[PDB]
Structures are given as structure tokens and as C-alpha cells.
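Given as C-alpha cells, the chain that follows is alone and in the form deposited without malonyl-coenzyme A.
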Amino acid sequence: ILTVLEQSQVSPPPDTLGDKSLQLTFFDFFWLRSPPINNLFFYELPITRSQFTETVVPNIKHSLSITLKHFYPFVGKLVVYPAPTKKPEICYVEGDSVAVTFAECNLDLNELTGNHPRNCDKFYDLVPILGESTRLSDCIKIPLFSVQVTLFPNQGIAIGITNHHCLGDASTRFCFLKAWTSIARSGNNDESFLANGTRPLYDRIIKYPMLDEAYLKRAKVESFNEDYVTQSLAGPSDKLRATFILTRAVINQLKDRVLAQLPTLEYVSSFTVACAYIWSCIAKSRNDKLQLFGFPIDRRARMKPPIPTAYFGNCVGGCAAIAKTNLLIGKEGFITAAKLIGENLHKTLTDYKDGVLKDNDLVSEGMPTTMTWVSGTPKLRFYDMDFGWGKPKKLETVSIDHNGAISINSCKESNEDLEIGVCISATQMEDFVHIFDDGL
């Protein structure tokens, strides 16, 4: 089903980059022990094996190489030292490279790019492993970014991107991908990027050393080297992956229902309404006791003073709500969900305005029987990423399979519509589909 054509290593062009480091913040240290992030971009095009070898392979290598000279941390490694003093950092050293795998897949591409339930494990051999760590006398070094480009002969191409969350957040990945695609589209040339594109800002403008040290303690840094193990996804599995669509029209109707029933609810957005609806579906599907639902927040614009969009690295916050499952079910359940999300998000955003940077409560108050954390930021249009073959047919966040997570992103026939990705056991999928569709 999968054939590896080439295992390559891609570096910046000769005589372009010297040794370079990037210092990290508490926002980055938060993710020290996180599993890899895996994303797929699927493209439809009538591409032959010969053409893939002749132009695609060299074009991927060349365009990535050129992009790396502007995005040094992508070709660097996370370096963790055993001493509680020396902070982890990103280091690039001359000779460092990005692992780029070229492969061929004999599965029907049309059996992967749809929205209906497909086996989760069919996607695993399309995403690259993050890569083996390097263990030295004074440190461990972990790769930050890897790529797989997979040919589906006469059908298209999937680009699988795996990264460590310490490299940066979704905004950082978006910035990088905008550059890479520009460079690829313009025939392996950074002239357009340098003139018109958004360059990464490596200035260390987030300086809170006391928070830095507090976050490293929580992430247990002295045992990191001893504890670190690879976390690649592998089958077989009975789980199914589906994509659920909330159209602008449906979202507005749901929003109108919330605003009508709860006229003084301080925060109601397309995103909170989408979250509330999926939240209610998950509650109905699980028929459990107590649930937590949460999601990330890009904090850049909310910082005091504001952080430029192009700031390189992590600048992410989070918000969560907890409710008894019986309160989340049905039409009234969706309303309750929207209320709790809205209230908690309003509180969180007020705290950011006040300049609040920080943030077994559960053991005391009650252990959730389900927890869901959203992957995704619908504001970032990953569906516009065009390497020269057109925009993606389908995006998948494969790493939601690891734990209590769903993906929420914009669509590309419409940036006002939302796509929700779910990977759950086959037995639960059948009901979930009916729950979602019937409820609308």
C-alpha cells in the first residue's frame, strides 16, 4: 500500500546560514513533553510517476531548501540540558537537515479525501515520524520538523508535515507555509517572498524569566532526557475519521437561537457556537457523567503590549468549560454549552486585557469522564496553501487520534464555513453521525 521512493535530507543552500540559536519562553516550555503534531494536505492532480520524479521531487527539495534559509528553527533541533539552570533552546548547526520522505501510495485517493468515515489508520503511513533524537554527553537533541510527500499515481499528492509544538504555534506554521508555497509557486525563487511576504520576527520580545522557570518545573526538565520517548502513530485500529461541516447559514441560525434565549450572554461567536454544537453531540454520543471541553487562543494581539503576528514561536493561551453530561444533551444542551463556553471565554479574555499571563482541582471538584481539546484556528487559512498545483482538496490533522481532541478549521469553498474532524471507534461513529446530522 505504501512504497518509499526516496529518503532525503534537505538543508539550506551552501553559504547561506551559519550556526544559529533561538531562545525560548514559557509559552514554548509549556510544550516540552508534548506528542508530535501531524498534518496532511491532499491535492488532486493527474500526476504520473515519471513527472513526480522529474519535477515534483526536485521542486520540493529546492523550494524547501530556499525556505529554510529564512526559517532556521525549522531545520534546527530542540536542545534540552540536564542542569536545572541551562534552559532548553532551539539550535541550528551547519550540517543540520530536514528529513524529507518521498513515497508512493496505491490506495485510491478518492477513498481518503472525502468527509465520510474512513479508517483512521489509513492516514498513518502518509505522515512522517518526527525523527530520532540525538543523545550527547551534555544534552538531548530532538528534531522539530519533518516532511513526507506521497504520490498517488495519476490522482494527486499528499504532503504530510510533522512538527514538535516547541517549534511554534499554528501562526508560526502558517507563516512558514506561506513562505514555502510562495517560493515553490514562483519556481524555487524567494524574490517574491522577500519583496512581498511576511518575514518571521526572531526578536525575543516576550521576556518573563520567572514564568520561564516556573513552566520548566511543571514540565519536569531534570528528568526529560531519561523520560523522553518517541510517540509515532501506528495501526491497526478500528477507529474511523470523519469531517463534519457547519455551514455559515447553519452557524448563523444556531447563533440566533443562542442570542434569542440568552440575550445578555456577553460572548457569542461563530467559533463558540460551533464548539457548543459539537460539544452537545459529544455529550449525546458518550452518555457519560461529567465533561470538559477546551480550546487554544492565539494571544499575540491580546498581549500588553501586542505581539506582532510574525513573532516566531508559541504565543498560545487556552480556555475550558466543565459541565454535567445531562446538561449538555439536546437543544437545551447546545444552549447551555454556548453559555458556559461564552462565559468562560469572556473571563479568559478579560484576564488577558488585565495582563494576566499565567493560566488536582479536578480530584476535589470531580473527575471528568470525557475531555476534549480543540486543535485548530479557523482564522488561519491552511486551505489556501498552494505549492503550484492548486489549493488543497482536503486537510486532516492526524494527531487528534492520540488523545481527547477534535480539529476545527475553516473550509475552502467558504472561509465562513467550519470543518470539524473527529476520530473515534467504529461503534461510536455510526451514532455520532446520526447525532450530528439529525440535530441540525
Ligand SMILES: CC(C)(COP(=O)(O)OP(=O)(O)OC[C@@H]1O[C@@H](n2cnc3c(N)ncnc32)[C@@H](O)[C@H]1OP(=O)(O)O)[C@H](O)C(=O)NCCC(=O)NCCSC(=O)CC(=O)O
Second form
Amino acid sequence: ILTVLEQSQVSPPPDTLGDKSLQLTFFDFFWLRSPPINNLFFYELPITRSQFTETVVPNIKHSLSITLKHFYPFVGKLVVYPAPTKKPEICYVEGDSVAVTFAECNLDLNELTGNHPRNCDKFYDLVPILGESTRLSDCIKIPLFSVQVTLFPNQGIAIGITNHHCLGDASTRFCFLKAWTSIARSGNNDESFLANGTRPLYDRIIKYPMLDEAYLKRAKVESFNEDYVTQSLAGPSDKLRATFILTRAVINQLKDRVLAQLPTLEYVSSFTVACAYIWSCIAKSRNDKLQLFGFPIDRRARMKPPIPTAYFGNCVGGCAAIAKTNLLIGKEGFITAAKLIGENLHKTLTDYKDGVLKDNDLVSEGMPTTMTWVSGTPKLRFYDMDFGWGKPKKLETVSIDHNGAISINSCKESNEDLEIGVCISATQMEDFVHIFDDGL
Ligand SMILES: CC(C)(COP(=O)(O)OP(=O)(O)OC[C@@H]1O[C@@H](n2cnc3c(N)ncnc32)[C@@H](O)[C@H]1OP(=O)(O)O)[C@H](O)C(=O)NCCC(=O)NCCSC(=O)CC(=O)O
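Structure of the form deposited with malonyl-coenzyme A bound (previous: the form deposited without malonyl-coenzyme A):
Time for the whole complex; same chain goes first.
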């Protein structure tokens, strides 16, 4: 158990924000029908219930309230209209609030923050539901952001953050969390953020209305209202969650092996080599027929002209590779995976460089028996998010439980090591652990 201590609603301060809209782009419209993103930050601190109630609860409410006045779309809603013409948008109205749940969990915190296999479903009631939609005559309104702060008495605190992808990408979340934590750490005060921090850029500087309508047309907006359903993760399940570590020394040795065997491969990075290694492990674990492995790309810096990091919203692309499973197994399989990822990524980056804006081919060429998409951003350090109690002990992206996805992040006793999160059935996990460890 899970005991809910308070169900609150948090708004920007009185007499700050008026009614505000944010217009969206094809980059945002792409995510119209996506499931929620669920993220957890575990902190170790010997905190009592009385202390949690006396300072943590007020501090979370206050610091968040203040942050919201600078980050209005976080307290806004996604509004989708049934006329295929009128475009979805983010609307904040005075009176809008963020659902913030405060809870207490009696599980041992040490059993959750470890890297070894733990039940995936132990994490679900640490993350808030996105929240009920509001259905009006002219529209549906969907909440964008919710929070759960859970006390582990005498042990620590988990912060559970749920968001709709339409709100923005990992960079957007990073920018918001930077501000919120700065505001919290300095005593519920935004002066350090306003003086030294990075303010979000709401200028609509991505203007491709033809793509806008094509991605919207593809999102099937006229049926969205009738089709939309809540997508909360709930137990029970036999799936296990584990974190696998690639130390910098292992990564470097893997890079070297790729560069020696394939001296003219046009793209090799710590990232591609990490993906190739995990990809190879997944192939050996599955022993299936045909696999696709892919990952998102922050396109801000690759736009022509480049988009500021502080640009608010989505600016994400993608890259995928497909390969027969037998070609991906073993030491040579790792090499092949690196080749395929490196080649596909190089191609995608060149196509961006030369202007290209877009990107059932699977029915024709072959239906993959496994598909894996990477969540996570090793070069954005979510592991440095400090609300006043110190840096996180553990980060978990819970929403990888939903589909074919793994998470890849930095560690944060090291920005140069990689932590790889996997949630898979109990029977498959035993082999996977052996496959991962043995191959290193
Ligand atoms: C495609 C990427 C993953 C590629 O990562 P890389 O680490 O390779 O890229 P980078 O620019 O940081 O480059 C790091 C260094 O440059 C590389 N490098 C550059 N050019 C090269 C070339 N011609 N040959 C070989 N290597 C090259 C290496 O030197 C690498 O070394 P070194 O080994 O030293 O690094 C991308 O940089 C990116 O967009 N990452 C962010 C993705 C993101 O925003 N997340 C999703 C958003 S939200 C979402 O949808 C899901 C979610 O929540 O995550």
C-alpha cells in the first residue's frame, strides 16, 4: 500500500497569468494519439511523516505554483476540435490547475532504487494518472501534466511526473524541471531563475503549415473525440524491471572494436555503440526472425536555420534500422548492429542537412517480429534535478512498460556511463541478464 494523504490542485499565483494559448506544429501533431509519459525520480532522505506534511508538501505546492507562471502550457490543456479544419492547440484558462497527489508508500525504498530485477507493477501507483478529459460540445480538453509526490517514511521521496507528449519533448521537460528545481532550492523564489535561468521560448518559429495539415489529417482529428481513451498503467503483471550499466571503459572498448573492424563506417558514437550492444542482446534473448530498432532525434540544432534549445514544444525526428535476427547475434552481431545504426543515422542526419523535413512499408518488405524504440536522453542530465534534498538516487521511465521500448540515460555519479532500463516478462529476464553480462 499506497495511502493517499492529499489530492490537491496547484495553480499559478493569484493575479499573474491571464488566459493564454499556444499554437502547435506538425512536430506536436505527430503525438496526438500517443500514450502518457511516466517518469520517476527517487530521492534518499531520512524524512518523517510530520516533516513531509510540514515542509515538503507546502514547498512542492509553492515552488510548482511559481514555476507555472513561467510555464503556462504545463497548467494548460490540449484542446482538440472535431472540424478537420480548426487545429488543436494548448489553452490555459484562469482557474486551470495541475493535479498534485501526495501519498505514502510502505514498500522498502531500497527494493525500488536498486538495478536488479524488480516487479514492474510495484512502480505504477507511484505515477499519477494524466487525468480525465473534459468533453464539451465544441471540443475535448486533455490535461498535459500531473504530479505525485510519495513519502517512504524514514527513507525518502519519489516524484512521479506524467505528461502528454503534445506538451513537448524531453528538452522541454528538462527546461521546466531546471526552473522548478531552481525555484524550489532557493526557498520558493524565482529571482535566481529570472536572473540566471533559461526561460522558455514561445515564439512560433517553426512555420510549415502544409506539413501541419498533413500530420493533422494523419492524426484523424474528426474521430479523435470519439476514439480518445485514458491509458493508465495498472497491475498486476509478471514483468520485471532492470537497469543495465555500460561503464565508459566498456563503451570505449566497444567503440574501438567497431572502428577497427569497420574502419570506414561514417558514424560511430558512445550512443550508437550502446544501442548496438543492447540491440544484439535483445536479438539473442528473443531468437526471433526480424527486428526493427529505432530512436528519436532532437532536431533543434539540425534545423535550417537552427532552433534555440529553449524553444518550447516538440522538435523530434527518428531513425530506425531493420535486420534479420540471425545477423544480430554474438560478437559479429554487435558489429553488424553498429554498422546498420551508424549508416541509418548518418543518412538521416544528411537528409536533415539537405533540407528534408519528413521522416505500411512493413507489410511489403517484411513484418518485424520485434520492434524496439529508445526512450531517454543521456546528454540531458535529469540525474542532477535537486529540489533541495539532493540529487536523485534513481530515475525510472515507467512508460516503457507500455510497448517495445527501452530507456537509455546517463548515470549521475557519472555523466559518461550509460544506464539502460528494460522491462520484460519474468521468464525472459533471467536469460537477458546472462546475455548482457556474459557478452561484456
Ligand atoms: C541521434 C542522437 C541520439 C545521436 O547521439 P550522439 O551522442 O551520437 O550525438 P552527439 O551530437 O551528442 O554526438 C556525440 C559525438 O559526436 C559523434 N559524431 C558526430 N559526427 C560523427 C561522425 N561523422 N562519425 C562518427 N561519430 C560522429 C561522436 O563523436 C560522438 O561521440 P561520443 O561517444 O563522445 O558521444 C542525437 O544526438 C539526439 O537527438 N539525441 C537526443 C534525443 C532526444 O531528444 N530524445 C527524445 C525526445 S522525446 C521522446 O520522443 C522520448 C523520450 O522521452 O526520450
